[PDB]
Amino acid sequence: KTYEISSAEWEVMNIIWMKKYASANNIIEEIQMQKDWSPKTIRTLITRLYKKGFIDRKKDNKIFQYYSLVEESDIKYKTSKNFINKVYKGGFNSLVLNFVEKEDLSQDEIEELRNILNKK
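Show me the one chain in the form deposited without the DNA?
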């Protein structure tokens, strides 16, 4: 639907959804805080996501600024659903049992998650 998307694309997309509008050079800067990717490798991620229809762009200055054409929450939920079907036999509850049985969740985190369920 909001179709396939690779690990490195998730990173570009995440920067865009958080910043709302971002230039190439912005994306390169943030990406490069945690990744040793060259500008060309990054610029090619922007190019594909633009071609695939995931993001678009306005020309503020003579400078292109990219923005999402995909709803963040929709593509993340769909992705999570493919993932849960792939790994955990199609059960979200299995995922949570696994996580909880294994992380040493702090009381604040426990409470937050309670607050999340209790919101209907």
Second form
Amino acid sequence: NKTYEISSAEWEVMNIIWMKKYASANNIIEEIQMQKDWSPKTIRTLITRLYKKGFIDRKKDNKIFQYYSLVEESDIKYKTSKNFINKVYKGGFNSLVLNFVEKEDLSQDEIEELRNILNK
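Could the form solved in complex with the DNA be given as well, to go with the form deposited without the DNA?
Since only the chain itself is given, any partners or molecules it might have are not part of what comes next.
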């Protein structure tokens, strides 16, 4: 009946899951621990949560649960970014891009690259 969301800490599990396509909590724990610095009890909880929310699902490979995504990366990211831009920016997308630009956040080469992603 209710829709759920991916929390900020949950984005890390998701990203890792997407990277590995198919992975135990352990596989995921090792990786996250190279980046961020969290307890395996923590990472395991986040996993559980994503699972109860139905963002991820699992199969038992030889006794151990493997986790995989049930939502497509680009779709949910966009969905998310679209939602973020709307709460923060009254000007929408262009406004965001303008904000990043006036904060010299983009290098000459970067502006180059974006003009190519556009020039499609």
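Positions refer to the first chain, counted from 1. Think of the rigid core as the biggest set of C-alphas that the two forms share within 1.5 Å after superposition.
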- Query: Which of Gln34, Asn85, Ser73, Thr47 has its C-alpha displaced by 2 Å or more between these two forms after core superposition?
  - Reply: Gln34
- Message: When the rigid core is used for the superposition, does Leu97 move between these two forms (threshold: C-alpha shift of 2 Å or more)?
- Response: no
